[PDB]
Amino acid sequence: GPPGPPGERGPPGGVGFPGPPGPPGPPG
Amino acid sequence: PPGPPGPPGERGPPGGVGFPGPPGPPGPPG
Amino acid sequence: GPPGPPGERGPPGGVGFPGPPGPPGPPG
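Protein chains in written order, with our numbering: chain A, -13 to 14; chain B, 10 to 39; chain C, -13 to 14.
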């Protein structure tokens, strides 16, 4: 018998790195 | 017959860098 | 037959966590 077909696609990666700081607040 | 399907593929790469955070608070009265 | 080869690489993961809040705004 011939080799079977390829397996299913792998699972998604894990989540990425955390983002950078947000914008400064407005003036007081 | 043909053999069974192979094992699942490799896990994908990690996602992208996260978005910038929300804004800071207002500055002080000085 | 013998098992098939591994499947294709998974998709990329989700975006990382948001960054922290920005710093305070300028002094009044």
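Misleading hints may appear alongside valid ones.
Claimed, not checked - Taking CB as the label site, the calculated pair distances span:
no., chain 1, residue 1, chain 2, residue 2, range
1, B, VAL26, A, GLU(-6), 25 to 31 Å
2, C, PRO(-3), B, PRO34, 37 to 43 Å
3, C, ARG(-5), B, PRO38, 34 to 40 Å
4, C, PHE3, B, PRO14, 32 to 38 Å
5, C, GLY14, A, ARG(-5), 52 to 58 Å
6, B, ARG20, C, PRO12, 43 to 49 Å
7, C, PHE3, B, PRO17, 25 to 31 Å
8, A, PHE3, B, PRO10, 43 to 49 Å
9, C, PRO(-8), A, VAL1, 22 to 28 Å
10, C, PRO13, A, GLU(-6), 54 to 60 Å
Simulated from the structure, these hints should not be mistaken for laboratory data.
Quick reminder that beta carbons are idealized off the backbone N, C-alpha and C, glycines included.
Here is what the structure says about each hint:
About 28 Å separates the C-beta atoms of B/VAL26 and A/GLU(-6), a value consistent with the hinted range of 25 to 31 Å. At about 38 Å, the CB distance of C/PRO(-3) to B/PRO34 agrees with the hint of 37 to 43 Å. For the hinted restraint 34 to 40 Å between C/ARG(-5) and B/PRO38, the CB-CB distance of approximately 56 Å leaves it violated. In this structure, C/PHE3 and B/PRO14 meet the distance hint of 32 to 38 Å, their C-beta atoms being roughly 35 Å apart.
Hint check: C/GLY14 to A/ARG(-5), Cβ distance near 56 Å, so the stated range 52 to 58 Å holds. Roughly 46 Å separates the CB atoms of B/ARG20 and C/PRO12, a value that falls within the hinted 43 to 49 Å. A beta carbon spacing of about 27 Å between C/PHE3 and B/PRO17 agrees with the range 25 to 31 Å that was offered as a hint. For the pair A/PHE3 and B/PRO10, the beta carbons lie near 46 Å from each other, so the given range of 43 to 49 Å is met.
Our hint of 22 to 28 Å for C/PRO(-8) and A/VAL1 holds, since their Cβ atoms are close to 24 Å apart. Remark: the range hint 54 to 60 Å for C/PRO13 to A/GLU(-6) is upheld by a beta-carbon distance near 58 Å.
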